[PDB]
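What follows is a single chain, given as structure tokens, in the form deposited in one PDB entry.
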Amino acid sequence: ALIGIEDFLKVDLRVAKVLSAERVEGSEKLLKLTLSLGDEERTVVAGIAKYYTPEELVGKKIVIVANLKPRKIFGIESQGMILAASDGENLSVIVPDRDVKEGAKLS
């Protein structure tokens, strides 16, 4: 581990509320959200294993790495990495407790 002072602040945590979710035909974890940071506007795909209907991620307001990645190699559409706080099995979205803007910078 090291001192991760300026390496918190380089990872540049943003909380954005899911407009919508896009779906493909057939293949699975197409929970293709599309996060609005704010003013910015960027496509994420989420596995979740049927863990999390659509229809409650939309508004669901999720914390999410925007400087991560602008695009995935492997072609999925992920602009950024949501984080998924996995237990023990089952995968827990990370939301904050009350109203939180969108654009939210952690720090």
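Residue numbers count along the first chain shown, from 1. In this text, rigid core is short for the largest set of C-alphas that superpose within 1.5 Å between two forms. Compared with the form deposited in another entry:
- Residue displacement note: residue 12 has its CA displaced by under 2 Å between the two forms (rigid core superposed).
- Once the rigid core is used as the reference frame, the Cα position of residue 56 differs between the two forms by less than 2 Å.
- Once the rigid core is overlaid between the two forms, residue 85 does not reach a Cα shift of 2 Å, moving by less than that.
The structure above corresponds to the form deposited in one PDB entry; please give the structure of the form deposited in another entry next.
One chain, no partners, no other molecules: that is all that follows.
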């Protein structure tokens, strides 16, 4: 089921810098994260606690969807979502191959 370029341009993929990360109390799988997009901050809920510690995420530059309707998970309002890739073994966040300033748009 194939799409045109306009289907893809509806989505806003951006590079964001992780400022804070912590486990979510009562959840086995969730992390709450604060992200800088350069000119504004976001709060995101990411179900990757089983694979990433909060400490190793701080300072990383990662790829997110920035224009999703906010959703409340575990009481926290999540203002975007972190992309992850999985093959049925490992799970990985998504990063820029070379360093770019936070807020960079993907295309």
